[PDB]
Structures are given as C-alpha cells and as structure tokens.
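Here are the chains, one letter per residue:
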Amino acid sequence: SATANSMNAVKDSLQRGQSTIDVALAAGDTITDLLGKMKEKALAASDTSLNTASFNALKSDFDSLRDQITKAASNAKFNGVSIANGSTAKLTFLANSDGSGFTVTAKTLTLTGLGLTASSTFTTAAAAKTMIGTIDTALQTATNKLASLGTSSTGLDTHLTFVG
Amino acid sequence: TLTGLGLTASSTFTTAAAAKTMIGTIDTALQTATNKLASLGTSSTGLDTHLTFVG
Amino acid sequence: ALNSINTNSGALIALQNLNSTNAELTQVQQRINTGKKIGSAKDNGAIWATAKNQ
Amino acid sequence: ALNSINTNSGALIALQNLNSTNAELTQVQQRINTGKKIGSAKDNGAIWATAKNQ
Amino acid sequence: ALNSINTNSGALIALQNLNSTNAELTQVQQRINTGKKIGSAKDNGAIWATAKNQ
Amino acid sequence: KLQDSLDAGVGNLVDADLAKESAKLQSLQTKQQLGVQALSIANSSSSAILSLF
Amino acid sequence: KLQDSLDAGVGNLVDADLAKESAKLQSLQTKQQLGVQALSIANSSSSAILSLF
Numbered sequence: 056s057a058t059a060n061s062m063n064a065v066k067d068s069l070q071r072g073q074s075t076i077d078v079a080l081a082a083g084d085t086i087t088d089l090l091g092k093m094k095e096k097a098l099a100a101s102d103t104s105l106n107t108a109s110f111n112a113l114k115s116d117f118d119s120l121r122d123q124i125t126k127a128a129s130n131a132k133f134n135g136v137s138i139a140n141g142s143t144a145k146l147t148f149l150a151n152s153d154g155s156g157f158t159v160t161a162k163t164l165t166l167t168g169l170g171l172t173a174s175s176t177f178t179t180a181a182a183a184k185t186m187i188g189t190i191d192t193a194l195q196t197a198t199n200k201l202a203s204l205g206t207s208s209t210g211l212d213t214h215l216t217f218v219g
Numbered sequence: 165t166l167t168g169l170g171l172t173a174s175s176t177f178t179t180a181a182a183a184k185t186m187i188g189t190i191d192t193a194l195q196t197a198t199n200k201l202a203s204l205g206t207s208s209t210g211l212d213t214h215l216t217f218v219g
Numbered sequence: 002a003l004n005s006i007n008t009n010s011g012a013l014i015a016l017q018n019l020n021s022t023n024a025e026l027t028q029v030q031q032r033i034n035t036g037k038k039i040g041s042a043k044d045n046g047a048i049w050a051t052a053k054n055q
Numbered sequence: 002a003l004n005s006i007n008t009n010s011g012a013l014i015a016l017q018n019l020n021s022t023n024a025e026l027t028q029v030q031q032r033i034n035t036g037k038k039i040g041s042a043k044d045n046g047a048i049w050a051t052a053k054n055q
Numbered sequence: 002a003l004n005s006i007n008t009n010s011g012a013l014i015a016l017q018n019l020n021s022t023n024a025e026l027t028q029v030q031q032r033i034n035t036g037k038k039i040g041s042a043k044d045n046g047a048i049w050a051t052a053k054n055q
Numbered sequence: 220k221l222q223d224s225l226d227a228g229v230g231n232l233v234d235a236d237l238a239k240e241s242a243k244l245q246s247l248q249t250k251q252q253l254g255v256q257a258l259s260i261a262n263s264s265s266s267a268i269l270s271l272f
Numbered sequence: 220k221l222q223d224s225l226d227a228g229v230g231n232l233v234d235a236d237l238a239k240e241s242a243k244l245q246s247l248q249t250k251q252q253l254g255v256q257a258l259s260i261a262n263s264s265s266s267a268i269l270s271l272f
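Chains as they are written, first to last, in the entry's author numbering: chain A, 56 to 219; chain B, 165 to 219; chain C, 2 to 55; chain D, 2 to 55; chain E, 2 to 55; chain F, 220 to 272; chain G, 220 to 272.
Check before you lean on any hint, since a few could be wrong.
[As the list claims (entries may be wrong)] Okay, derived cross-link-like pairs now, DSSO-like style, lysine-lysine, Cα gap no bigger than 27 Å in a straight line:
hint, chain 1, residue 1, chain 2, residue 2
1, F, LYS220, D, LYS38
2, F, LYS220, D, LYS37
3, A, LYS92, D, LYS53
4, A, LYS114, D, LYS43
5, D, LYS37, G, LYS220
6, G, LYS239, E, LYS37
7, A, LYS126, A, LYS94
8, A, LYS114, A, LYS94
9, G, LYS239, E, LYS38
10, A, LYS92, D, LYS43
11, E, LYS53, E, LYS38
12, D, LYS53, A, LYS114
13, D, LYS43, G, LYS239
14, D, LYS43, A, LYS126
15, G, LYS243, A, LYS94
16, A, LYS184, A, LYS94
17, G, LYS250, A, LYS92
18, A, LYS184, D, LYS43
19, F, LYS243, G, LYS250
20, D, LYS43, G, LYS243
21, A, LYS94, C, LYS37
22, A, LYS66, A, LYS145
23, A, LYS132, A, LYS66
24, D, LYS53, B, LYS200
25, A, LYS114, A, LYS184
[Said to hold, decoys possible] Not the full set, but computed from the structure, chain C residues with beta-carbon under 8 Å of chain G:
hint, residue
26, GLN30
27, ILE33
28, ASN34
29, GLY36
The hints are simulated quantities; they were obtained by calculation from the structure and are not laboratory data. For each residue, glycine too, the CB sits at the ideal point set by N, CA and C.
Given the sequences, and given the hints that come with them, work out the whole structure.
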C-alpha cells in the first residue's frame, strides 16, 4: 500500500517534466521563426546589385533578430528550471517508487547552442553569402533539437499512463 | 526631432550652392529617419512575439 | 476480493478505459482546431522538422 | 487533472489556436485594405525603409 | 461490426466517394481555367507531345 | 511555381483531412458517453451486498 | 522613363497580390468558424462528469 501511494509523487514529477518541455517548445517556435527571417535577410544581402543603404538596413534587421533569439532562449523556464536555456546538461524525472530516473537530455537553444555567437553578422555581400549556409545549419540543428524534445515529451506521457 | 535627424532649428539655404549642399543633407536626414523607424517597427514586432509567449 | 466493499477493481478498469477515450477526443480536437495532423514536434518529430525546414 | 472541474487545459489550448487564426485574419484584412504586403515598418523594416527612400 | 462504435465502414466508403467527386471537380476547374482538355503531359502524354511539336 | 510546389508539399506532410476527423469526432463523443455509463454501472456493485444484511 | 521605373520598382517591393489574398481570406474565415466550434467542444468536457453524481 505504501508503494502504491508513492506513485503519486512519480506522476507529479512526470507532469512537471511535460510542463518544462512545453515551455521549451513554445520558445522554439519563436526561435525557428526568427531564424527563417534571418536567412531571408542574409539571402537578400548577398545580392551585389543592392546599394549601400539597403545592405546596411538588412544588416541592422539581422542583428536585431539575433538579439531576439537570446531573449527567447533565456526566458524558456518553468518555475526556475529549463531544458533549453543551456543552464544544465540534463533533467531527471522520477520513473518509479525506488527513485529511478527518467532522463531528458538538454537541448540548448541559445545562440551558442545553435552554432552562432552574440556578434554574428555580415559586413560584405560575400560574408552574407556565407551566412546563408550558417543560418541554414542553425535552423536545421534547432529543428532536430526540438524534435528530440517532442519525442521525450511523448515518452514521458506514455510512461505516465503505465505508472497509473 | 531636428537635432536627432542631423539638422538644426536654423537649417536653411541662402544661395544656389547652399541649396545644392542641402540636397545631400536632407538625403542623409531622410535615410537616418527611415532607419530609426525601421528599428522601432522591429522592436514592436518583438514585443508582440514576446506577448504571445507570455500568454 | 469477489464481493469487496473496500476495492472496486472493475471501476478502476472502467476509469482507465474512459481516460483512453478522453485522450483520443483531445487529439481529434487539436486536429480540428489547427487543421493539422502534425501540428507540433510532439506529434511526429521527424516529419515536423522536415516540414519546418521546407 | 484528468477529470477536473477547476482547470480545462484543452480549452486553454483551443483558445490559443483560435487566437492564432484571428491574428492571421487581421493580417489579411490589412493587406486587402491597403493593397500592400509591406504597409508599415512593422511588416518588414528593411524593405519598408528601402521602398520609402526609393 | 454491425453496431460498432470503433469503426464506421460506411463513413469510410462515403469519404471515398466524396473524394472521387472532388477530383472530378478539380479536373473540370483546370479545363475551364486553361481552356484545354489536354493542358499538360499528365493529361495525355502522346497527344500532348504531338501538339507541342506541331 | 517552385515556391507553390514546396508549399503544397508541406501541406501534404502536415495537414489534417477534416472530413475524416468529423467521423472520428462523432464516434468518440458516443464512446465517451458510453464510458461514463459503464463507469456508473461499475460504481454500483457494492450496493448489491447491502441486501444481504 | 526613369521615374516610371522607380515607381514600378516600389510597387514590386511592397504591393500585395490580391488574387492570392482572396483565397487566404476565405480559408481563414472557415478556419475561424471551426476554431469557435472546437472551443465549444472543449468547453463541454466538465458536463460529462455530472452524470456520475
């Protein structure tokens, strides 16, 4: 009977993990939209038929979107814990009454976790032509990270049904 | 404001040569004004996206 | 037991089956609302990621 | 909870999806009204500024 | 089954018949729009190729 | 044309077929009502024993 | 001619394609009605529990 009663804490832990991943996925929608817009900026800036003022305008938009990524990744927290802001390497949720864990690997969504830096930018059309492929890699790795978090959330839900 | 655009409350031209220079001055003023408004519009879109996330 | 007043195992199984039906209903409501069978990374991560990049 | 009377998490998600549809509808109404896909600095600041100067 | 709540075979057949009608409607819309009964290689490859060369 | 085909392909990947969801919705609502009724039948098993005492 | 080409270029940069917006408008109006219906279905979940009491 005591073993059966302690499963309530296991269920509470699994639901907490699902909430943490929900907040990370909400931040990831913002980040993937921002990365698609930045790819459009670098693609437009790589054209050499632009004059200097148009190129500078595209570069300024690119840098502002890059800062919004940092804002979105830093706010992806659920009651002080995060699986996506880079502050920890993994979270471990309860799997059974003995205290065995259900690990979820952290998927960093900050600029450094995406392969970028706080100073990433382009100053010439050739640098923008390179930034196209850089942002392509960043968007690809971000969607792979969010896909792993979604599979982890479905695994937590299936384990919660089994524990009940 | 006029000082934020690179102009002054007394900006004017008194000769054809001064007007020929003022052409480029006003060009710079319009360029910097459109860049400023573009940054404000990007900030407004960022506030809206953050409001959706907060909800 | 067979004629127990403390434990209703049949009610526990009936509750589990009702919860299964409620979860299916929640899934169908999400599909009707978004118009998507794969609306998030939770539905199918690989196809969701492919569709995002495309 | 699973059979809660205090919290309707499915209704919260349905409200979020309805708000998404309403925001898309507002965007399309602005395009029909102005005839512009980029009508202000809020739509796309760089292209809006380029078009203004031109 | 005959009185099943899990499987609606009649609804599956009705869905198939509605899809057939929708495909016919799409074909007629393409004909009205292009003015052509053979507008692409998908409609009839041999006659389309003959008409192209001519 | 390439942009239109990429958008139609995304729609093939993720869009729901709503005519099929309408059938699933109606049958699931009936199943939920029957499940509430079955749970109500299971709840009443203890009351049968009161007759013996 | 240069003035006309600058004005046509501004139009290429910012103008909407209204024939495409008409399709988006109709589909979005249908989506809004379905979203109201889905929210109405979600609102009614609590009423199912009243039957058990």
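These are the hints, each one checked on the structure:
For the given pair, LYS220 of chain F sits about 20 Å from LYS38 of chain D by alpha-carbon distance, which is consistent with the 27 Å threshold. Between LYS220 of chain F and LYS37 of chain D, the direct Cα distance comes to roughly 22 Å. Compliance with the 27 Å bound is thereby established for this hinted pair. A threshold of 27 Å between alpha carbons decides the hint, and for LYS92 of chain A with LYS53 of chain D the separation of about 21 Å falls inside it, so the pair holds. Distance restraint check for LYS114 of chain A and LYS43 of chain D: the Cα-Cα separation of roughly 17 Å lies within the 27 Å cut-off, and the hinted pair is therefore satisfied.
Our distance criterion of 27 Å between C-alpha atoms is met by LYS37 of chain D and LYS220 of chain G, whose separation comes to about 24 Å. For the suggested pair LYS239 of chain G and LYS37 of chain E, the alpha carbons sit about 23 Å apart, so the restraint of at most 27 Å is met. Taken as a hint, the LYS126 of chain A and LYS94 of chain A pair is honoured in the structure, with Cα atoms around 19 Å apart against an allowance of 27 Å. In summary, the hint linking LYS114 of chain A to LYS94 of chain A is supported, as the alpha carbons are separated by about 11 Å, within the 27 Å threshold.
For the hint pairing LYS239 of chain G with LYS38 of chain E, the CA-to-CA distance comes to about 25 Å; that is within 27 Å, so the pair holds. The suggested pairing of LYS92 of chain A with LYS43 of chain D holds, with an alpha-carbon distance near 14 Å, which does not exceed 27 Å. Between the alpha carbons of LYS53 of chain E and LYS38 of chain E the distance comes to roughly 14 Å, so the proposed pair stays at or under 27 Å and holds. Taken as a hint, the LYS53 of chain D and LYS114 of chain A pair is honoured in the structure, with Cα atoms around 17 Å apart against an allowance of 27 Å.
Proximity of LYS43 of chain D to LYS239 of chain G is assessed by CA-CA distance (about 21 Å); at most 27 Å being required, the pair is judged to hold. Distance check on the hinted pair: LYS43 of chain D and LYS126 of chain A sit about 19 Å apart at the alpha-carbon level, within 27 Å; holds. Simply put, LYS243 of chain G and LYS94 of chain A have alpha-carbon atoms about 25 Å apart, close enough for the 27 Å limit, and the pair holds. The straight-line distance between the Cα atoms of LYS184 of chain A and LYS94 of chain A is roughly 10 Å, inside the 27 Å bound, and the hint therefore holds.
A hinted pair counts as satisfied when its Cα atoms are at most 27 Å apart, and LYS250 of chain G with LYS92 of chain A qualifies at roughly 26 Å. Restraint check for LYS184 of chain A and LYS43 of chain D: satisfied, since their Cα atoms lie roughly 26 Å apart, inside the 27 Å limit. Annotation: proposed proximity of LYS243 of chain F to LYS250 of chain G holds, straight-line Cα distance about 19 Å (limit 27 Å). Taking the CA atoms of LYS43 of chain D and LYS243 of chain G, the gap is near 21 Å; set against the 27 Å cutoff, the hint holds.
For a cut-off of 27 Å, the pair hint linking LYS94 of chain A to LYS37 of chain C stands: about 26 Å separates their Cα positions. A threshold of 27 Å between alpha carbons decides the hint, and for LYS66 of chain A with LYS145 of chain A the separation of about 19 Å falls inside it, so the pair holds. Under the criterion of a C-alpha separation no larger than 27 Å, the hint pairing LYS132 of chain A with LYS66 of chain A is consistent with the structure, at around 20 Å. The hinted pair formed by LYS53 of chain D and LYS200 of chain B meets the criterion: a straight-line CA distance of about 13 Å does not exceed 27 Å.
Under the criterion of a C-alpha separation no larger than 27 Å, the hint pairing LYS114 of chain A with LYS184 of chain A is consistent with the structure, at around 13 Å. With 8 Å as the threshold, the beta carbon of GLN30 of chain C comes within range of chain G, its nearest partner Cβ sitting at about 5 Å, so the hint holds. Hint status for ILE33 of chain C: holds, given a least beta-carbon distance of 5 Å to chain G, under 8 Å. With 8 Å as the threshold, the beta carbon of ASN34 of chain C comes within range of chain G, its nearest partner Cβ sitting at about 4 Å, so the hint holds.
The restraint placing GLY36 of chain C at the interface with chain G holds, with a minimum CB-CB distance near 6 Å, inside the 8 Å limit.
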